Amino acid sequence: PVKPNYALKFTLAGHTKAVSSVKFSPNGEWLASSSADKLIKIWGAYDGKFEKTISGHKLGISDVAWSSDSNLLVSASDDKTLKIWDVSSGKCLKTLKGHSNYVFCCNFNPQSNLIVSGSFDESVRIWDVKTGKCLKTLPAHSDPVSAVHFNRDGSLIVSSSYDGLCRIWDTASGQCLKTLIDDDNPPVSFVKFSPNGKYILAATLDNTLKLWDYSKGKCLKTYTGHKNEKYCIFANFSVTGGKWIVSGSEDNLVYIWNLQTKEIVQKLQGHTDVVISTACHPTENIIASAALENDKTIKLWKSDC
């Protein structure tokens, strides 16, 4: 496939303010979304059908993430806390307290006994899921932390910040193992490891995505054409069909690139405001996208390749 052919299948309405993130459950059955309206919503991944609302945060939510067994969620909120949720019961199992300002990003490790978080307070924290206690506080950055992610075996954490740095941390010790710098350091608005753990994908507010070989500290690929000068927009590796990079954009489109050739292969039209978040289904050729306040909807897209 020189190109995918994603086409719109469902539009999901219900959030009453900007959506902030969307994530597919690892078992592929569900989509979770978080919003400035202080709510988490659960939707069917294949039919787009609204399932349930999960409530409890006192202010808007910036991010949500799934545990590996698809049974728990963690959410990051402007109320300076994270909450761990039992999805089936809707119960808040733990409230993770410690950050001194807005919490912007969160993720489980693969084993899902740990949670990592990043905050406006410029720190990265590592939490024990079962006790809800903070294990480590990392003096990670000198500006707000925009993303945090574990690698494939959980031994590394990558963090990014508006200070222009991506850093790699040892989970066990909390030591800073690496700082990634290019020829220039625009604010970094998103970062994550590749599925095989060998690479890092970073978004910067100069309208650019970069693929880094972090063990060698070198920038390999570069993806442009989209618009990103303001917001924390998620980006993804799509690997179920052809190998693509997928991202939202401030011109209201979903951008899809050939991972290898860096060429734009598709631009998905339909949203009426900034596409702040995209997610890729774990086993099927399905993308979810979500948009900001003037739109408020989530869209599900499907390709034959």
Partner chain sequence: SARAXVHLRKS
Contents of the next structure:
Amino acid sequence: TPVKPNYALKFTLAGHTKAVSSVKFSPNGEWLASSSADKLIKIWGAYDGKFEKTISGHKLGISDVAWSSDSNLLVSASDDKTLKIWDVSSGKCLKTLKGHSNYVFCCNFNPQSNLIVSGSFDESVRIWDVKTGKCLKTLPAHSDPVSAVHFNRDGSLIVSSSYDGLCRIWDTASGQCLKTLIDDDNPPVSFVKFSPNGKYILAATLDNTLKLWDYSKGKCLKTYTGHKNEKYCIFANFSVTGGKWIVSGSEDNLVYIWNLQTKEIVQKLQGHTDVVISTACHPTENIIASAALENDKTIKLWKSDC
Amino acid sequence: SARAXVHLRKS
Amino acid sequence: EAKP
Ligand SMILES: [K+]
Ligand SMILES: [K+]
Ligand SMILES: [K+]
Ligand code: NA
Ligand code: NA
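Could the form solved in complex with its partner chain be shown next, to go alongside the form deposited without its partner chain?
Then the entire complex follows, led off by the chain already shown.
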């Protein structure tokens, strides 16, 4: 029956020399990519955590990394005010994306992987051409740093979030705003992403709350609480390979897993020794990756039987 | 990494 | 704005 998951620690991935900022599984399921304040990207085996390579070139720390759909490219977002596009097999920087005027905080490819979206401390969202490395559009999107950016499943929409308390949905082709989601209040919105069915947006706010939104109708459907999140922009996820969960890091050093429908906490994963800034869910297997800040600096791989 | 508390975003 |  829909039984609770039993995620258990299988591997701990050491090697970053400063806080880890982001981990992401490759769409083909083979790899995990991590970014860090240490200015490095590392690649690891998705199933056994095996260290594969280090990818270097940024001049300052990296806050986010993201895969192309074919698992061959990565893009990274850095305090050096650039994004870089990387060929994962060679480790070579293909393009440096220049235009932001402050730290680049978040990034993603669209599904066709001909575009990249970025968000920055400069309060803008930018849309970039992967082939040329040119900025196509600069959106005056927010009135505070942009914490997250994500394309929907056909690349026609971008969702963005900001410390200004807004979540906005943009038309990719024109760069114009389709919708602003605001609630009864405007705590900072620290993370957003579209759901695997394209229908919902998951949004984190720095009042220790996650919310599931129907974005067509513009309304909140579910609220998830019990974790600690008032300071950091922590990644959250839909887990869909087994039971239907919401997964998030927490400032009490735990990974939280909720039942998406009932909103109950079903598991808390103990082991990290600093804020769990990032979690990710494997595309086909019941595997979670988590990563933590300065006092820990490791990535952990957890596996469940369901 | 700006992502890796409160002080930078309020500075 | 363009039509792919
Ligand atoms: K490759
Ligand atoms: K703006
Ligand atoms: K297990
Ligand atoms: Na599934
Ligand atoms: Na620190």
